[PDB]
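The data below hold one chain only, encoded as structure tokens and taken in the form deposited without the named molecule.
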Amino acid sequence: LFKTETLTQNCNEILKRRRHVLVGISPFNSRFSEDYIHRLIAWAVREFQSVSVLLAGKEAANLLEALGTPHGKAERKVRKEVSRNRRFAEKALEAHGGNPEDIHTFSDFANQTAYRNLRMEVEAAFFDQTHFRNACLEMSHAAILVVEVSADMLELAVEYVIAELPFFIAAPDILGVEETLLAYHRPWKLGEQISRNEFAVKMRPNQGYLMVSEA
């Protein structure tokens, strides 16, 4: 009951093998009602050998702060929303035979070698390469989406993009799985640019991007 489109042909090859999908669930996004989460997870468990879930880490507060939410309140709001996201994912995983413990936020690995190494690569590109930095700021703009979005707002919001990107380029390094697709319902423009080798940053050969749409 879901249609799929892959980012590259290599992504499609991973898709065909059905080993693992990493289901992205983002906070304060209206797509992620309890019922949608249940349907999406049911689909994932049916289609793939293994299913894991990715939630927003601490940097989600930056998105709120960029919109004028005081930092203290922003941190509490994120904790509430992410804990809610988790509870829905846990319930859905349990119900369909998945593992409720296979739910991670992008902050859970701050002290892990694999994650840190990927953060370093992304940060180096961000500071070194104007083209990559601009693409990231644009990604962070999308993450925030009448308030006018300012440069200062994006400089705050972009920490979110930097913190999550390791899971978009090499989640298997971090999670220890053989290969995966990050599944999400929006297109990923930065990923399109990454796939055309426009940046120092590369998507790993065992990482794909899967855009899912209700059928």
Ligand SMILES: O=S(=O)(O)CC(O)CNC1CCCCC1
Second form
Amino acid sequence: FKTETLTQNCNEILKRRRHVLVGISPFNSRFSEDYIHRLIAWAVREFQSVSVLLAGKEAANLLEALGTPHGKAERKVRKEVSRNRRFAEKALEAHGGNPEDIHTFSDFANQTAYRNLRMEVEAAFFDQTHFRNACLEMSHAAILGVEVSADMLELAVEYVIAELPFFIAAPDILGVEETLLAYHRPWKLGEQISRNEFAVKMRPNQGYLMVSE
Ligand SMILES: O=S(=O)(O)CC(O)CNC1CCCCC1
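Mind sharing the form solved in complex with the named molecule? What's above is the form deposited without the named molecule.
Full complex below, order starting with the chain above.
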């Protein structure tokens, strides 16, 4: 795997190798069982600690926006997420990692740190048109992994708002000293956040690490 980071700060966290948060998306062809194992093997080799982030319940929004009825969408997600979990558990066992350090971005709905970060992201979303547009686009890119209408995006964007706290301050939520969220797509919104373009800030102990094989 190769790596690319946003700022020079994301780079400094990278050199310490303390912790990596490996994103696994429920509906993205990237994540074959096989790829999950290779990805996880690499993480455990490269980092002192490895955790895994799966999609929360808002992933149901992506399917609903795409037309799936609510009840079915919720079950489809449960099926896909629990499947991602099973592969990641297996992979973590096999490489010495920790099968319990797998979380979904819904697992902290009642946690102070997570809720506070939701509030910050939400505030910015409603107050700042440029941040709201950025979020809509990021939600559009989530669907792509038929025309995508305005209203499909307002449904889908709940998904983006729910995950973003782990993109800006996962350490607050997970209780680790510092982290890199690791993923195979580039993070456009992350660049703008870097340049202080929004009321939402990237914590100095969070980085984004783009991986590629
Ligand atoms: O829009 S992107 O595809 O760049 C990013 C996105 O929306 C979701 N990516 C996953 C979701 C599940 C947990 C880890 C991150």
